[PDB]
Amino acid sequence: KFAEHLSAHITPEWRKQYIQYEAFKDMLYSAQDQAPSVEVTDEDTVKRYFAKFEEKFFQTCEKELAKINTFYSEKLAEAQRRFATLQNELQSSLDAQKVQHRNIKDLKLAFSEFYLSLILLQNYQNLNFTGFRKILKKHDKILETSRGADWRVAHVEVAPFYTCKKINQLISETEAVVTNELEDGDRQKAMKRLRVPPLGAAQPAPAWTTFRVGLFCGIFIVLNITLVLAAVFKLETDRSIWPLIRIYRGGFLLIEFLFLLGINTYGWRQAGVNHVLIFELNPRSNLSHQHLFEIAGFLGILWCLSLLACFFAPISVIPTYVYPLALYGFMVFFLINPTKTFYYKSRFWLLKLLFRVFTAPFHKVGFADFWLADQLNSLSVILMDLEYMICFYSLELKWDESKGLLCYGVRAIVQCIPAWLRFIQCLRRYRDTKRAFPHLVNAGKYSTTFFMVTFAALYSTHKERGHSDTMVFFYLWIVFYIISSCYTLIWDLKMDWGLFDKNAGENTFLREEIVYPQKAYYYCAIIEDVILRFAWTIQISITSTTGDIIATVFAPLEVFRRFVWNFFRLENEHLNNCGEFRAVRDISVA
């Protein structure tokens, strides 16, 4: 009932302030078990044990409450100190109208993001009180006394965290001020923006969505079995399937990315590392994991069906080079669907992000656009494809005949588009912050992947012609390979993940604190990301030299290191947004 209820309804950034139910329960249960004797020893000696612990208990309760109200009052002062500046800012603004649209618009994200601190603090008044009357009721049950219940009336509801009705009156003035100065009355349009819906792991998946995740993962399994059958029967021929996989690798890397990003969003929501505060999403509406599994499953059904139509060749009139085109025209029409349907706010946010990353020297660099520029250094085969598959229909495809599928620059550069993106983003972080370690470095990390592709291509072109200036360039590519491997594997474990810290202490080789449940995950991953970081630099070289057989088998694997890396790049982030207790974004009105 509660221990779970409390370990779920808790605000992650504050976990070191709640009642610590588990320790209490364990203390009580251990105490009862280590009872001296039922009647074997003397009577009053049994009392001692059932006394000494009683003294210990109410003592640790005392310091326990002492934490709450101290933490509580401190948090409250913050709110008070907020409703101060957050109000005069409106005051100045109000008269100023006689960018104002913008100024008004950002202001409502100040209050809406204020009224989420309070109503996340109000919970802290209840989630403790009715987490303070439960634990006591076992103490009065286990020992079968009443001292606990009495102490509950002796200290708890006299203490300034349950009998301090200040937060509620703050809630009342914010909702009459927002109502009055933001929505021209119309309280209904104000308590639609302000209301906070039960968030965290406390929102179950809307049954229909778990169903649809069941369906699109259902059609998908049979479609995969049908592919594995038919590619071991129907396809059989003398025709080259290398165009077929060289075109159906893009969709696959992009499906294996969204299933894994779904598992990422779940492994974040459950383990407490909030992927809401960091990305700057709005904490009332999100995409829980199920929606990601569902989008991934859907695009997976589309991918499977296009492949099957290519192999089974279902209708004679449509040549065969139209199924891949239809599939990839849908996988990108779904993303620019200009209605307000099928994840409208979602795709619109993602599009704003892409536009602030695919042209990102100019715009600021948040965390969303520093993250989805390290999801493009792994799906970097979906770009050499959307180069190959675009050159191929243009200059190689035979439009005279219905049988289709069964393309000096472009590859070398297009392989380093995302590395260039991130190099520029880090230079921009520098040119604003004025701090080198860590912005100028962490811009080298990508300068190397420039001095790998270039030198590998030089060796390639000078071995194709087979000239004297070839072995020299190869000695250069091989000496820059170890560079662009270590200088990105040390950075993958020291500053991103944050592991290997002197404050490690008990956590052998790890960080001082670890958010994720077990202690073998970190070691498994610290081995994996070491293996799979050498077969991504090769994977870069080979698919740039003068190959696809190793590409289509290392591409689906790189995305796995990106998945196992998201866990820790978001942990090591949250657990730097935890030491300062920050449950709500600081929004700025200008």
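If you superpose the two forms and keep the largest set of C-alpha atoms that fall within 1.5 Å, you have the rigid core. Numbering follows the first chain given and starts at 1. Residues that one form lacks are left out of the comparison. What changes on going to the form deposited in another entry:
With the core held fixed between these two forms, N572 has its Cα displaced by under 2 Å. In the core-superposed comparison between these two forms, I540 has its Cα shifted by at least 2 Å. Taking only residues common to both forms and fitting on the rigid core, the CA shifts of 2 Å or more between these two forms cluster into runs of 3 or more residues at 235-237, 401-404, 540-546, 577-584.
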Contents of the next structure:
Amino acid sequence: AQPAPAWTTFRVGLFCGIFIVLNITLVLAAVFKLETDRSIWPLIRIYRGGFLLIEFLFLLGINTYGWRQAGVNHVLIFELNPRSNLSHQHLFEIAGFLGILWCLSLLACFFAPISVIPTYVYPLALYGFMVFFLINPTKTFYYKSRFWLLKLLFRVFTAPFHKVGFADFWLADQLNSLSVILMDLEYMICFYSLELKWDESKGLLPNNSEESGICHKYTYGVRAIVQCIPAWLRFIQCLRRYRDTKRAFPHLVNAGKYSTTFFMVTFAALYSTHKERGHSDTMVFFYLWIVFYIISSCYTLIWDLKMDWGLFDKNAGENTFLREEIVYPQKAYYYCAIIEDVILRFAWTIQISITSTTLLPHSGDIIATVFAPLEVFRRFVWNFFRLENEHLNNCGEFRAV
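Since the structure above is the form deposited in one PDB entry, I would like to see how the form deposited in another entry looks, so please show that one next.
The next block holds one chain only.
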């Protein structure tokens, strides 16, 4: 727990201040300097993934600070080398720098500083730089942590063939909460391949109010696939865990919890096709999808409140509807977090598990865009208590002890 250098604290302060001013400038430019004849929704859908990644990195820095101060040893749990472990200052600085780049790209999208370069180049340059920064081979910027994250991502995207650790499970869960990023990446790819209108100088902001492009639609059904990998990876990891340990519990229950998302998205997409093609069983599909909903949310919610966090423990005693041992300084944190998980555990499904693979509401874009940050916030608060439960009493039996 060596203190971070004063230079990196200055750097994170600098990046956070630049981010604040650029954000205020971006908000002011959006409200003042804009023209209401073309749909801004493609831009929002392109940049929502980047914004969610920035927010996730910032909240993960907050999580690392909370873990360090509370007492939960995330270094041992994650199986990291104690010498080069990232303090919360480094995560804050990375989040701030990538937020600087995101704000600059969005500003360039709002008004084109250079008339020669087309406005659709900016979203692509931002994510290209993000990928190159993540895949940078030269040992210059956070090389140890970056390479460790690359190994972890490789292991999590090839889940069945690798023995699971806590890092793999944890990153798979984070991906499960970050499905919006994958869906936005798929939307970016489809939009640039079909509907971008490369020739047009303002192609990414088309005039047609009617969204006839199939990119926001789901005719091919690949959108369900790209939305469903984040749960499929966890399902396969749970199956591999059971195959390795030959324990029906708690791995098949978890696999069922993660496979509820399969039926969720399935029936959502079938409802989308059935209603947009004008069939007589659209109401039946909607009712069956609602039926698989509620079970999906309650399954995930009870899992979060009982096994992920360890709360509602019988032997709590003085603590009410909590665990016997608590490491966070204030007991009200758990009580507020339970209500937060309850409220955001029904919202997250409604907003991005659905409503983005089916076009039931017109305001679905607004709901998804406004609730995905609360999805990442729910994941951020879930991280605190899952890691705290891991430190106190081993869950999932990742550790030998």
